[PDB]
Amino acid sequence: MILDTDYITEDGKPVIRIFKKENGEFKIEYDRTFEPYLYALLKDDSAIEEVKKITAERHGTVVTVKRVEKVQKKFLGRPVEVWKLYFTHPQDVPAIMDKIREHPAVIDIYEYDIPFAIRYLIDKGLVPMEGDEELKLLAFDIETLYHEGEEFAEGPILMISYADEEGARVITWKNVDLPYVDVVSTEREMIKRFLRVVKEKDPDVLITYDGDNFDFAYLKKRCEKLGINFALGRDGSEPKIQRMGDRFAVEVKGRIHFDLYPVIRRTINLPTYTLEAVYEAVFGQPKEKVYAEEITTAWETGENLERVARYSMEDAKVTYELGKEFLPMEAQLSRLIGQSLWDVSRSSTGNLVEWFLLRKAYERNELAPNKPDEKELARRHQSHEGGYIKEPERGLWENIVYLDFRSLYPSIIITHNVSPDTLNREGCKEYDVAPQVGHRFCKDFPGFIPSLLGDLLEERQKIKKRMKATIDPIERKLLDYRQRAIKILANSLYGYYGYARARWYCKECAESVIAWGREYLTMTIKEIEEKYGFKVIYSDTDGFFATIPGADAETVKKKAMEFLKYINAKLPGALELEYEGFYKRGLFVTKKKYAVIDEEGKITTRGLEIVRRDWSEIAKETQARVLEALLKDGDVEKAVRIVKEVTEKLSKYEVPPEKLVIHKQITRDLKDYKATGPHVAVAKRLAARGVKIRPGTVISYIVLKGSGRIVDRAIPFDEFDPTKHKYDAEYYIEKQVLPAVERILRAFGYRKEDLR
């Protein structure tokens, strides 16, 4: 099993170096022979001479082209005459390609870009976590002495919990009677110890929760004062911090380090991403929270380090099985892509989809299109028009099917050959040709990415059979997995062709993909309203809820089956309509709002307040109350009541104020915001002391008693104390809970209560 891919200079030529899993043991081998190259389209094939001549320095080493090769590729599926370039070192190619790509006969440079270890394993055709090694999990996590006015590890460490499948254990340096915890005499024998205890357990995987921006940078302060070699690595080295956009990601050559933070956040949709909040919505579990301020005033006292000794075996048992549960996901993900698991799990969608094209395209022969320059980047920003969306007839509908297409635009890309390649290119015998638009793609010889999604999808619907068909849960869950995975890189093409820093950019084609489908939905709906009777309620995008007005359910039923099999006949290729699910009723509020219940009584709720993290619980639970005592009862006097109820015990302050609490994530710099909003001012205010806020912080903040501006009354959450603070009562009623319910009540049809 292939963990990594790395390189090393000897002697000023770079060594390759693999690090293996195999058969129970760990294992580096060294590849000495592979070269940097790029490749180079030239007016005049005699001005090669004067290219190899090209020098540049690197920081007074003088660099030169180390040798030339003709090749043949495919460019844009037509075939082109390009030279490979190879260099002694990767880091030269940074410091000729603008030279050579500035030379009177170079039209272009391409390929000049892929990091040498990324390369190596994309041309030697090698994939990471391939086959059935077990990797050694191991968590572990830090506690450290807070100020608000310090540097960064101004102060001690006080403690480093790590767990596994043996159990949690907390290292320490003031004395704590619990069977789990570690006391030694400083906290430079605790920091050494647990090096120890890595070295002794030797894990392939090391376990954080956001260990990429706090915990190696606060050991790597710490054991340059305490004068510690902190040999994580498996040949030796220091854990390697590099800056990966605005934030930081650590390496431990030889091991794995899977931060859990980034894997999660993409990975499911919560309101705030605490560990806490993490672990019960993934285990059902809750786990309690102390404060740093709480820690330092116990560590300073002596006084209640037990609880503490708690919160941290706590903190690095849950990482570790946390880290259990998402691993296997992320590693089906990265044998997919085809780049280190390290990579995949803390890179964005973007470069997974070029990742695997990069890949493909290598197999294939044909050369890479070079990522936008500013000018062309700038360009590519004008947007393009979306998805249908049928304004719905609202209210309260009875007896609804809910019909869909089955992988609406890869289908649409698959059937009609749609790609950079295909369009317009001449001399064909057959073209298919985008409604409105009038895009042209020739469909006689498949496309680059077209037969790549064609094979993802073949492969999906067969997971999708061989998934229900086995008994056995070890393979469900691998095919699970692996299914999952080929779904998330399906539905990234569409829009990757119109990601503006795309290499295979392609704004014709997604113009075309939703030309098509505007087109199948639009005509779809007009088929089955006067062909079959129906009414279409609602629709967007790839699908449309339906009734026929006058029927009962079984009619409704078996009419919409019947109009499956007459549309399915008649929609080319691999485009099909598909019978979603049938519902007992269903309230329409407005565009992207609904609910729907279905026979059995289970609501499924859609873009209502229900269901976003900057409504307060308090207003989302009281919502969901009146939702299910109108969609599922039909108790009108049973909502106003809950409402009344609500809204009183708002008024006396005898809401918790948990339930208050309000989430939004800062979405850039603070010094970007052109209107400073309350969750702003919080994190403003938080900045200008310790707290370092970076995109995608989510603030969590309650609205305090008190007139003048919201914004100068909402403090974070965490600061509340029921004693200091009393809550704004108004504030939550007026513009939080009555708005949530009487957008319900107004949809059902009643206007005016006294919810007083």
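Positions refer to the first chain, counted from 1. We call the rigid core whatever largest set of C-alpha positions still superposes within 1.5 Å between the two forms. First, how it differs from the form deposited in another entry.
- Large C-alpha shift between the two forms, rigid core held fixed: of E599, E529, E130, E617, this applies to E617 alone, with a displacement of 2 Å or more.
- After superposition on the rigid core, displacement of the C-alpha of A688 between the two forms amounts to 2 Å or more.
- After superposition on the rigid core, the Cα atom of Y731 is displaced by 2 Å or more between the two forms.
- After superposition on the rigid core, the Cα atom of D108 is displaced by less than 2 Å between the two forms.
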The other form holds:
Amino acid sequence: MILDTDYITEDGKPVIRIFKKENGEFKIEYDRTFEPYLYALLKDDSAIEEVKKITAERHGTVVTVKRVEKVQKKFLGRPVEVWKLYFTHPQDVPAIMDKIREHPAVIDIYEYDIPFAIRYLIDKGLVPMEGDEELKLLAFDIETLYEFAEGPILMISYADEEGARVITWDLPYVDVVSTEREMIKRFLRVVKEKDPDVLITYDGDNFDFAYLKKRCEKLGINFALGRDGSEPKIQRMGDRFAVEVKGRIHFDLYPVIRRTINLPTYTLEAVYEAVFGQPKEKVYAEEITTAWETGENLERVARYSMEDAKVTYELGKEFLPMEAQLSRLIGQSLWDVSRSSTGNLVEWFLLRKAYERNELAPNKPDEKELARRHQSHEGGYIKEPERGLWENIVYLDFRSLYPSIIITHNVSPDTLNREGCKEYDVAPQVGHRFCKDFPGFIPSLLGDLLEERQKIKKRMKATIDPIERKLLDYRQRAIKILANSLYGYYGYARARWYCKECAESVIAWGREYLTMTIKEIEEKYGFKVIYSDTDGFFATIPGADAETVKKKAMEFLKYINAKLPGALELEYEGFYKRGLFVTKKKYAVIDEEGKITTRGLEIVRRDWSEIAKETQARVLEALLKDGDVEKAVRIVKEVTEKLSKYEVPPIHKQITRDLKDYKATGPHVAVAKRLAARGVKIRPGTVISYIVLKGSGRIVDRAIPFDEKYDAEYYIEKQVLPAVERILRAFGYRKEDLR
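Show the form deposited in another entry, please, the one above being the form deposited in one PDB entry.
One chain, no partners, no other molecules: that is all that follows.
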């Protein structure tokens, strides 16, 4: 397959390198023939004679147009003639594009900021991560002793299919070395010997490689982890960094893991238990540092690091196939895709499709234009949830509401308010009209995407091969991720194919279909909807049973599916015996089997009493199973009364901006602001554990660091009341009554 592409400059000329793995052997293909370019839309053909002579200066070097080609391309569904201006080097375009753009016969320029390697991959039609080539994997970690990298790293731990080892400065896997220099040299020898394609880390982009470069510079080590002898190439991405290893794919899992799940804690043990359900030993850096001088508990830490290497490898085995599939589907390298945002992912996909279909790509918005489209966007339809628990309530939701709308109504800038067409669709309450005579750009690609996903699903059902089945699952989920990113692109501020009207029309169409479905389910099938959110609703019968529920629900489903247009379709996903809905996006429902699922309630909010969980679950389990609403309150009041005494024994907010920049001062911010005079260093993402003592004054005034939980009756009265006041009000029990 193809692993990555880059370019080096040889005698002022750019040479593309394609890293490949064919039949078990790493290979580098060189291309010296590709040339950067832009497109220029001119007042008249004549003007090229003046424009082709436009020159600039880069470093004392004159930059000239190498050659030109007149080309006919489609722009927003309409034909356009432009001039392709080629150049010698990628760096020449930034130097000369402004002068070309300023010239008076040049109406505009286009496609001037595409990075060279990506551009090469698109224009050649080359696709990374294709085929059945097997890629060797290697995971590693480092443990240091607690300014940055002043302390040495105590050990380095690596894991692969055959096992995990630890190279630190008395055990089969662990190797103990004389010094830190020897340990890093040994780790490098290990990586060179095994020669892996994928290097797996956890937060390696911003911790492990930076630390290693600092320690190598301090010890004068050439850390040539690359297959071309190169050192890791640091890169700046946003306010953070990414690290690349030439000839390999450095797979950092932290950016990927952040995008897949929404765990409150994102340390390796936390994600590992989320993904596999198994505990992971946790070792703090300070504990590891003490072992070196003492010599004791070396194995414990070496086991806490060995296990980190192993879990990093395991998470990498489980996450690499999905990213490889996304890479295949977007048409860019894994390194890029695994680190990129969904907006950029759609952009890369569309730019490839555009080059395939000879469509000229719109420019990224300028800063003024960016502000012009930064106005508020209308949200999805939500009904305030009916308070209290309900009986025999059923959940129905649309399949792919927004993609299905875009395909059914052909929503695209290409088709917006086009004149002279036989057929049109009209958006509700915003009135936009979309032509139905020819398929739009996005609607076309979206339709093919959904087609392919359906084909893959059927192939999944009919295959005997369990490996192929797992593979196709990955592929179809990748398609779902891309297809669902497409609506976001219509309203994406930085999008090239931005279309305000398309976005609002999609939202309006979604709301119309949802509310109309609810209207007819009540008016024509006698149903009450308890709660709804943008693409689905919880509704029920006043009196009926589970079998009744199902049989009756499918009548409405067929009726409405026959009336629903095209791909628009509603389905039955949830049977639930009783539901407790507290507010929008905050509910608890329990199923016929006895499982209960939580959304938005206090349980999953990071600010919460640790031990109030038992009574929270009991209140939900009594409310939802027993259905007795005084039982819930006599439970709450009995726990409160028993917490008076003779009860068996049983608060951190992150700072996002610096205290000088903070507009106000909250109780946790007063602690951090005071710490600045106390000096212990504070940074975005660190956590304020604070307490409030029983004393007169402002709440910022009385907030204290935590090291400076007693639960002696009053603690139970700190934020418990809000956590159940609305929950328990539905049943007539006031805040005052509970205490």
